[PDB]
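Starting from the given sequences, assemble the full structure and let the hints guide the process.
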Amino acid sequence: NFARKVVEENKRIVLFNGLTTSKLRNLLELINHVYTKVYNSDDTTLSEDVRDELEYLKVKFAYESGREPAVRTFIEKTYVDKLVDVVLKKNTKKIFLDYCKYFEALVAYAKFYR
Amino acid sequence: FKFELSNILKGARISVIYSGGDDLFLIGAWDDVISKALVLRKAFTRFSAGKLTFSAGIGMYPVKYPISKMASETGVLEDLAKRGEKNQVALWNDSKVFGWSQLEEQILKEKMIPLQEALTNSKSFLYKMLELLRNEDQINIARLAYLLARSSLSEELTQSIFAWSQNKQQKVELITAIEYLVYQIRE
Amino acid sequence: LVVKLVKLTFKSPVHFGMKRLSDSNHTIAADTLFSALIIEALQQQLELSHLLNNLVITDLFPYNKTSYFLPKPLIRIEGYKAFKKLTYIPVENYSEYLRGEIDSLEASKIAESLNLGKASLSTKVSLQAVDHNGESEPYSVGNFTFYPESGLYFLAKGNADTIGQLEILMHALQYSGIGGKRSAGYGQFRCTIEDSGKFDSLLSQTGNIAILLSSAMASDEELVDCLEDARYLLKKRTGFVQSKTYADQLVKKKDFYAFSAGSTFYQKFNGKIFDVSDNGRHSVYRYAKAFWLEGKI
Amino acid sequence: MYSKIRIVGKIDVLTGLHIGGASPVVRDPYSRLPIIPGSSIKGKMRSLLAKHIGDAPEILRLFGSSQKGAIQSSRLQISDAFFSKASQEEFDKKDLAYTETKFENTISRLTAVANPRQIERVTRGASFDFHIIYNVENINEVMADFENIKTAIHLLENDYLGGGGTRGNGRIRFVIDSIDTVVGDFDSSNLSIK
Amino acid sequence: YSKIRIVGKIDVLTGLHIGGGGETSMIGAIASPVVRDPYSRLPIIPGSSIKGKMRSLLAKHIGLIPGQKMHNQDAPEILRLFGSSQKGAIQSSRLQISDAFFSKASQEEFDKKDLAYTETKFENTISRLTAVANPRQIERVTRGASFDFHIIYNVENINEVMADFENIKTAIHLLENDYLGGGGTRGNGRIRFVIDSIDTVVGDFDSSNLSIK
Amino acid sequence: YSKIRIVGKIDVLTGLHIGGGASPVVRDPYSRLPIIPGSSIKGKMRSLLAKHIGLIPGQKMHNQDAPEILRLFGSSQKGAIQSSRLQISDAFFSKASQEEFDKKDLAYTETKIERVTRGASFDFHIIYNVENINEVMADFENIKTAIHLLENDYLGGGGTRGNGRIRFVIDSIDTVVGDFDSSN
RNA sequence: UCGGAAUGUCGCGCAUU
RNA sequence: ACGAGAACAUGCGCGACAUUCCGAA
Ligand SMILES: [Mg+2]
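Residue numbers (UniProt numbering), protein chains in the order written: chain P, 15 to 26, 36 to 137; chain D, 563 to 684, 689 to 753; chain Y, 4 to 81, 89 to 307; chain B, 1 to 21, 32 to 64, 75 to 214; chain X, 2 to 214; chain W, 2 to 22, 32 to 122, 139 to 210.
Hints in this document: simulated from the structure, not taken from any laboratory. A portion of the hints provided could be inaccurate.
List of simulated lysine-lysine pairs, DSSO-like, C-alpha gap at most 27 Å [unchecked claim]:
1. B/214 with B/170
2. D/658 with Y/95
3. D/689 with D/648
4. Y/94 with D/613
5. Y/14 with Y/128
6. W/88 with X/70
7. D/613 with Y/95
8. D/658 with Y/119
9. P/60 with P/83
10. P/134 with P/117
11. D/626 with D/648
12. D/644 with Y/94
13. W/88 with W/61
14. D/626 with D/737
15. B/105 with Y/10
16. Y/22 with D/626
17. X/105 with P/60
18. D/671 with D/626
19. P/134 with D/737
20. Y/246 with Y/282
21. W/88 with W/105
22. B/114 with X/105
23. B/88 with Y/263
The following block contains the structure:
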């Protein structure tokens, strides 16, 4: 429910200082990539390759912050970088599936409120 | 019951098996049966000037279904509608027990008609909405939001559907309306 | 007389029918259980007459967790539609319902508290004809999927030897299966037989009224005295003979009319194992011995 | 005296199993778990054994009969197969749905259009615990009856259960956990299935 | 009763794509996920797809009744092999092609080389007057994947077994050159059938003389 | 029903780019070699054949083409669906071209945009389905015209900027199944 | 880097019921 | 001597057809 609140608070239609699906695709592709990587595997804790590619997703988050200010404000407001941090801390499948679900809810609410 | 049922039921694909007193057994097309049940509730409120309510059980069974089973299930639904304040109709399965005003306005007029007109303006989409709604997961609500974004309908109506799904006891009415619409559009 | 209680937890959905295959019922009468027991005794090569004369069983009754159910007494209520629709009373409340103090909403709550099973109708097809240039035919079979903590219980009142015979018979009947489709996956159950203190104390009570617990029918002489001032429901029991030796083709049993469980009589009567077979190679036994519960009205 | 032999085991659905009743499978009406009706197993085994042995006295002796002058009690009481608890936990993990919706088409021979159909099938990993009772009536005829039962099981393992298994949906495999004479003193140690 | 079991591996040649809804890989990206067995989340060729493609190809090869309306009007060989459902003329199908699951060998070899069992092929459509390109993503099973395919043939007529297996030869050949399910006209679904064993598991029919390829 | 299979070697005059998401050229996940998608070839021949012949002013549904191209490359019109007589297969990296590349210090692809370096060959494989005996040859001439056009034009990428042109040579023309004559 | 992000069609039918 | 007893919710069916990862720089 936090995603809907964040999307509503950032409404202006301009969302997240101009963030669009075309700006989101570059990173959300990697997010769903690692999502399929975990979904194929069957293990309670994260696989090491998943951890490494999640770190790569985090640095790609920073790079997308550098690329466009809209993506940067999206990440700082939705804490998605902090979310990949905390799931890396937890290193469990349930939390990281929850984080992918969180990002899905974020993009779904962003699309709905446009 | 004996006489005015012919006038009230006029214009429906319905055969009245029996009225005979306080009760009523009715067989017809499912949609015509539901519509005439609502019209009957309104006409009975007009006849008795309030002061009297009747509960109903409405069932949807195929033909060559055991008539004993059909009547027994309809009576079971009627009994399910009896419990409580007795001013209820049990539509199809026992989970869908609604007040007469709730079924007439909240389910059909407010939800079924706008959804049907939206679908006509633009079936499987209703099916995936049902799949997302019947599950209690919050991310199923998120996926419903994404689907309503993708539906290319009037966005005011998609926000209305979001509001209906969010509210408890309004999601059930929305589900019943969608099931009614799906049964309306088949082959 | 030993009065052991037998508890039956059904592994599979069980098909009971009063009139039709598609029809589903949650319990059966004492007679239907007796017919199973008699078939099992004949299969097990046990003695028939001992079980016929000594055993006095009751109708199978619903039971869930923390409650045993008995048939609703057909007692005049000194808010009646709730009583009329009510069918089974918890044992701890049973004497209560006999004294009074039970109101309409409490009876409705008792009826709702019946957490025994869930009726359903499974549809199947017959392909015995499609091979012979034909077509399949669908048929519906009703059944009752009992809840995990629920099932059917019944008391039995006989001698020690009779109770041991019943123990062996029900041990075989666990795998024999009770129901109208016991050979097609339905009716499988497991039973546990033990003495229940609450039922012993309830039957120890000797009130002014007698309540039937089994589908029973008095002999004519006893029916002369027992029918006075009686409140009862007279159920029609009919069926088809189930045996490889009765006749070449299955024929209907003679129609029987027995008092339903819960019927209240001011004069007790010992029932009878009636014969409902005509021109058959063996005598079909329909159980109508009366299992009585005394209460104060 | 009269003997009942219990055969309890597992049915591993090697393919999606669709036993109809879109196009939903049959399920336990209370727990909504997928189930295999005992009538389904009994009918499939009877049809396969009739095809293999060709009603015949063996078929009627096994599965029962109602013909005039030949009323035979059904020796095989094939109880309903239930979704086993082991497979239930195996599917509670990985967050896997017990059933699945399979989309299929049908290209017409004239207009080359397809009609999509969504059939429900039990997922491959599922296991249904089955429990069948053989009613030993003739001690002499037990051996041949169990040979025919084994033949029917072998044919069914090379066949499908309910549904359009000619299109692949319904292949199963039996795993006999144990065979024990629950009733009577008959010797079932040498008796086996598969 | 005799059943002739054929077990082997169907090897993908060009990316094999059998469509179907479900839990989509790359959620929100692809518009045509491949059908995956939910238990293993592995790509799988449904046996219904193989059977339908083989039946269509064999019907086309043998000959199509002019203005055919239903499948049960096919040639008697087609009805005898893949089954018939004419009202009062039902013939049980002899071919019982199961779902071709993902093989363990191709599982381990794709675990090596870091393969993902699938590729999200990018394609697009170009209009004829506006020249606007509309993109699309379709999932495909990588060509190195091989599926363990397993079919059963029921022997109901001893005399017609040779003709039935000759027709199965023709159907298998046609399917080998033709594409399996998906947009194989654009190169999505070329397959090759490799046969490991054709043995009579149940019965006594002599299957040594029988070859489907 | 007859299938005529033609296997040939596309030879790349100038570096070609059909990369999916400039972007890296589309590579086979299995062999890790550059691969020419079949759909790209089929679309290019269909578009060139359509533009070569006269066209209706507006082709909104992409299905209103000339009847010959329509029967060659299929239909989608409601109730008049024609199966495509031509099936195009994915032309993967040739074994001979690969070995020639390992012979020198030459990579399969270059950076210019990842472009498959010129001089490579792809083993393309085409199937024609025989539906009308009297039409097979007429369809083949349209395929040849298309091939000829695809020799003059490009295949994907920045073709108008000078990358992606190829030449078609056919190793063999044979019917892989059916009684139709291959040498015809 | 900028755009297009899938689109057009069927969407269960046919035996018994 | 269980409103019983015998009975596969089954038979046929490709998630398929048309589609340039491209327009230019
Ligand atoms: Mg009334």
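Each hint, compared with the structure:
1. At most 27 Å may separate the alpha-carbon atoms for a hinted pair to count; residue 214 of chain B and residue 170 of chain B meet this at roughly 6 Å.
2. At most 27 Å may separate the alpha-carbon atoms for a hinted pair to count; residue 658 of chain D and residue 95 of chain Y meet this at roughly 22 Å.
3. Distance hint between residue 689 of chain D and residue 648 of chain D is unfulfilled; the C-alpha atoms sit about 35 Å from each other, more than 27 Å.
4. Taking the CA atoms of residue 94 of chain Y and residue 613 of chain D, the gap is near 26 Å; set against the 27 Å cutoff, the hint holds.
5. Taken as a hint, the residue 14 of chain Y and residue 128 of chain Y pair is honoured in the structure, with Cα atoms around 14 Å apart against an allowance of 27 Å.
6. Distance check on the hinted pair: residue 88 of chain W and residue 70 of chain X sit about 17 Å apart at the alpha-carbon level, within 27 Å; holds.
7. Straight-line distance between C-alpha atoms of residue 613 of chain D and residue 95 of chain Y comes to about 25 Å, which keeps the hinted pair within the 27 Å bound.
8. The hinted pair formed by residue 658 of chain D and residue 119 of chain Y meets the criterion: a straight-line CA distance of about 21 Å does not exceed 27 Å.
9. A distance of roughly 18 Å separates the Cα atoms of residue 60 of chain P and residue 83 of chain P; the hinted pair therefore holds under the 27 Å criterion.
10. Of the supplied pair hints, the one linking residue 134 of chain P and residue 117 of chain P holds, its CA atoms being roughly 26 Å apart against a limit of 27 Å.
11. Pair hint residue 626 of chain D plus residue 648 of chain D does not hold up; C-alpha atoms about 31 Å apart against a cutoff of 27 Å.
12. Proximity of residue 644 of chain D to residue 94 of chain Y is assessed by CA-CA distance (about 14 Å); at most 27 Å being required, the pair is judged to hold.
13. A distance of roughly 24 Å separates the Cα atoms of residue 88 of chain W and residue 61 of chain W; the hinted pair therefore holds under the 27 Å criterion.
14. The straight-line distance between the Cα atoms of residue 626 of chain D and residue 737 of chain D is roughly 33 Å, outside the 27 Å bound, and the hint therefore fails.
15. A hinted pair counts as satisfied when its Cα atoms are at most 27 Å apart, and residue 105 of chain B with residue 10 of chain Y qualifies at roughly 24 Å.
16. Taken as a hint, the residue 22 of chain Y and residue 626 of chain D pair is honoured in the structure, with Cα atoms around 18 Å apart against an allowance of 27 Å.
17. Annotation: proposed proximity of residue 105 of chain X to residue 60 of chain P holds, straight-line Cα distance about 19 Å (limit 27 Å).
18. Between residue 671 of chain D and residue 626 of chain D the alpha-carbon distance is near 32 Å, which puts this suggested pair outside the 27 Å criterion.
19. Between residue 134 of chain P and residue 737 of chain D the alpha-carbon distance is near 22 Å, which keeps this suggested pair within the 27 Å criterion.
20. For the hint pairing residue 246 of chain Y with residue 282 of chain Y, the CA-to-CA distance comes to about 16 Å; that is within 27 Å, so the pair holds.
21. For the proposed pair residue 88 of chain W and residue 105 of chain W, the alpha carbon gap of about 43 Å is over 27 Å, so the pair is violated.
22. The hinted pair formed by residue 114 of chain B and residue 105 of chain X meets the criterion: a straight-line CA distance of about 20 Å does not exceed 27 Å.
23. Only pairs whose Cα atoms come within 27 Å are accepted, and residue 88 of chain B paired with residue 263 of chain Y is accepted, the gap being roughly 17 Å.
Hint check: violations occur at hints 3, 11, 14, 18, 21; the rest are consistent with the structure.
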